[PDB]
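Novice: Residues per chain are reported as follows:
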Amino acid sequence: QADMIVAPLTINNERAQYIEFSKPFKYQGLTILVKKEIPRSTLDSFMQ
Amino acid sequence: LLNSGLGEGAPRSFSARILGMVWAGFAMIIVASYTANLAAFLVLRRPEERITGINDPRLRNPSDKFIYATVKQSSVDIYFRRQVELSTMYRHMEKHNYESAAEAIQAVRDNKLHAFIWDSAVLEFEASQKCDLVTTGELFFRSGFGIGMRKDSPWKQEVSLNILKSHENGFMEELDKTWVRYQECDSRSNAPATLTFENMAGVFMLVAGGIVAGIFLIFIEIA
Amino acid sequence: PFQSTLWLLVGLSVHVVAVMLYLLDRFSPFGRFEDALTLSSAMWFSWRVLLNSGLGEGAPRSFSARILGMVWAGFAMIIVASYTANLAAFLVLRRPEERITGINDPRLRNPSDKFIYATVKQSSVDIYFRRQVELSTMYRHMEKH
Amino acid sequence: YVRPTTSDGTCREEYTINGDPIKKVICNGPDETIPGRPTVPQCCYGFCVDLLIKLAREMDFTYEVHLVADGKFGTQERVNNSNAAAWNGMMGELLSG
Amino acid sequence: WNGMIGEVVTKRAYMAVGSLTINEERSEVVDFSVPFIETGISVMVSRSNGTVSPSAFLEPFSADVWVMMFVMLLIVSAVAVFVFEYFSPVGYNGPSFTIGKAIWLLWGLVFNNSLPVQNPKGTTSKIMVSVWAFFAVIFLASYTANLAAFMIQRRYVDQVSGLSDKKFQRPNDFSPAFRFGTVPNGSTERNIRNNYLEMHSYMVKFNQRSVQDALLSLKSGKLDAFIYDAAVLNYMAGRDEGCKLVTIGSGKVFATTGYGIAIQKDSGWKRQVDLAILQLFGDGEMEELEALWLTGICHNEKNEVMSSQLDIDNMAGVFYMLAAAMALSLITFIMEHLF
Amino acid sequence: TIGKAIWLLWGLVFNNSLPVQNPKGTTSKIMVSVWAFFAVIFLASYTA
Ligand SMILES: N[C@@H](CCC(=O)O)C(=O)O
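Protein chains in written order, with our numbering: chain A, 1005 to 1052; chain B, 3 to 225; chain C, 170 to 314; chain D, 3 to 99; chain E, 71 to 409; chain F, 350 to 397.
Please keep in mind that the hints were generated in silico from the structure rather than gathered at the bench. It cannot be assumed that every hint is accurate.
[Claimed, not checked] Computed, partial: chain A to chain E, Cβ under 8 Å:
{"id": "1", "residue": "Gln1005"}
{"id": "2", "residue": "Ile1015"}
{"id": "3", "residue": "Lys1030"}
{"id": "4", "residue": "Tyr1031"}
[Claimed, not checked] Using 27 Å as the maximum straight-line C-alpha spacing, the simulated DSSO-like pairs for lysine-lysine come out as follows:
{"id": "5", "chain 1": "B", "residue 1": "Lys74", "chain 2": "B", "residue 2": "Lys114"}
{"id": "6", "chain 1": "B", "residue 1": "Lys167", "chain 2": "B", "residue 2": "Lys132"}
{"id": "7", "chain 1": "B", "residue 1": "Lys179", "chain 2": "E", "residue 2": "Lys322"}
{"id": "8", "chain 1": "E", "residue 1": "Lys340", "chain 2": "E", "residue 2": "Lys237"}
{"id": "9", "chain 1": "B", "residue 1": "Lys167", "chain 2": "E", "residue 2": "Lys322"}
{"id": "10", "chain 1": "E", "residue 1": "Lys372", "chain 2": "B", "residue 2": "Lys179"}
{"id": "11", "chain 1": "B", "residue 1": "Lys153", "chain 2": "E", "residue 2": "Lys335"}
{"id": "12", "chain 1": "B", "residue 1": "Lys97", "chain 2": "B", "residue 2": "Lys67"}
{"id": "13", "chain 1": "B", "residue 1": "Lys114", "chain 2": "A", "residue 2": "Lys1040"}
Virtual Cβ for every residue (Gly too), placed ideally from N, Cα, C.
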């Protein structure tokens, strides 16, 4: 029941060794950054 | 000390002259040191707890208190399978992983997991949509997302030409232009003057406390 | 960092406020003697609020000179606080450029005829560069001269 | 540190900047000013000299220090010689007899 | 068609490499395959269109310090005038004389009290003057520290959200001269020519030859903008001597493509050759060759730009506000003269 | 005039502090303005 996939799947030799693939439309890498937290005070009465 | 005045006289004796000079100098020293500590407090970029770049040293070090979970049963397992360099970490990162994307994205923001290993494709969309995450600059381990068809399908050349012509006219610029919203927060220390009114209000409440204290003082005066 | 035309504009504003203090209250056309009265007093007020001086004799009774003195004192605080900010920005230069890399510099692997990385000829560095196999493409360039 | 002998006697006696006498030894070395290589008797002193004195007082033996000229590359016979065989030149850099 | 691609037609080159971006012409005259590296069309200079940096003086206010300062002036003036200034039952002009002098006294204390004016008699009023002076020096310290700390931050020319701006249609839009061009006989000339006829007709009069000539033109001041390939701009801007000019953004370019290869007739390996590329990502050669050959010199998180002062504006804007207050004082003088 | 002059200059260096008084000569007022300029420049360079 599948003919063509429109999902941005990865391209590897194990997957492309048994099927034909086309050129990618967007080259993006992997990242490991989650989030950042900035320490600050809202009230700020100095004397800290 | 507080630099005020009225205009009615001046100390004639030299003792109060030298004492007033060294006292005014001490006032300049304490106000210049207070301003210097204020600028040193606003210049605190916290240049700490940052990342490395293309490869973090903590990824190769096996730890039990900071598990680097990832999406179970996906393309990251195939990428970790076809490699040979980082093979000693596949056994550690192979266990204790989630097989759902929403569970991982919700877990890394709902205080559950320590970190996640996933491409920036969904990270830039969830970060540019929920306004809760932020992406880095470098993009290590680059990959391409293409479309694969059958070998007996002659339409792959026509669809390929439709993709090429779709990238030559400017339709991809319209899709990426209308599907990538530039929201703010580009760094962890880019706009330090985004509050101010709360920092000034925290002293304003003490000013009001000094006004009530002044009402108590005039209550003592009229007594 | 700023051209002299900026200070010329600051002084031009001093002339605008100086002639403005004379345009507000009614006086008499001078141009007969050398030293005036309301012009010298208005100039002493401009240099008193701008340069932050101190000399007690009265206060501007008109509200026009009151608001003009308030916005003028605010402009003085803006130019002195901005000048101090430019001084701190000039002292915080730290020069975080023209630095090195660390364990290996990228320029050592790329050939450059204008920045020759010379070394001691016929020493232990030639033996270290001879027994290696990693950085072998640079031994021919660094071998001469 | 190689220093020529002053006048026509032995080494120059001096002290350091912390209050400790400095020891100097006799060492024969050439000169870079004259095109030739004459035997110039000078005085050597430094870290390796003090280490050689320490090893000379911790062990009962006699030594004789000498300055080595050029030839510090292990003898790399790369010049196209007139069809002849080579052998170990400087190298390990020890047995110059 | 002529050039190197003709070598594929004359059966004298089974495979060729180099700067060959995948498009419709190369996929039309001959065959293609998968590119190993990505690139695109980019501009050498940053995306700024020659704009002036905004004012950094009214930014910390954000229409809040003036409003809150006015409210604090109203409540401090009122509560401060209805405690000791109103001791005897007087008329309406009584407390007004103390308000007009009180606001000028507080204004004198805020701005380092440039005028001592005078002083009352009550000691509680002197204590309140001392507290207001403490808030004045604290507000001054936070104003100089906040303004300086904001000045140390990034205030250079920021990127805009507009790729195709006025320079891609009408040439007579900016009065000063702004030269721009590219190297003729290439994929960029045919792409821009088929996408922007005005930019091509106005671009043929400004042509380049090589890369060193373009670097000398951008360094001296002859050329303003330089649109070319993304890889040539990453290596050219990367191997800079002073690290002055930078590309648009930090890697966000349009028209994503890549350098691939071209073959004559699909009969040999072909597919396996593509798998060979898929082997590279399996060995990490892209990182070693990328950090070995594709590396530059000016690679040091190019995200902040600082130099000297350009404000030949901010103080001009504050002077414009001074002119607005001058016109307000003029209209106020007319209203005073009418009565 | 020296005893009052040194206290006036000391008052101008440490930011007003005490207005004390003022003479009558206009050139003395100009010199007070220049000394105040050096006072605020020295204060800006001292805080920076
Ligand atoms: N690849 C292009 C040159 C680089 C560019 O596109 O600017 C060509 O062969 O014409």
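Novice: Hints first: check each against the structure and report whether it holds.
Specialist: Against the structure, the hints:
1. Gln1005: Violated. Min distance 26 Å.
2. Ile1015: Because about 7 Å separates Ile1015 of chain A from the closest Cβ in chain E, which is inside the 8 Å limit, the hint holds.
3. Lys1030: 6 Å, holds
4. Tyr1031: 4 Å, holds
5. B:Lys74 x B:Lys114: The hint holds at about 16 Å.
6. B:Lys167 x B:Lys132: With Cα atoms ~33 Å apart, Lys167 of chain B and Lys132 of chain B exceed 27 Å; violated.
7. B:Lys179 x E:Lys322: 12 Å, holds
8. E:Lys340 x E:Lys237: 43 Å, violated
9. B:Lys167 x E:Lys322: 21 Å, holds
10. E:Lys372 x B:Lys179: Judged against 27 Å, a Cα distance of about 24 Å means the pair holds.
11. B:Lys153 x E:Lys335: Holds, at roughly 17 Å.
12. B:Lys97 x B:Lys67: Given pair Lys97 of chain B, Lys67 of chain B holds - Cα atoms ~14 Å apart, limit 27 Å.
13. B:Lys114 x A:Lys1040: OK: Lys114 of chain B and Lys1040 of chain A at ~16 Å, within 27 Å.
When held up to the earlier numbered hints, the structure conflicts with 1, 6, 8 and fits the remainder.
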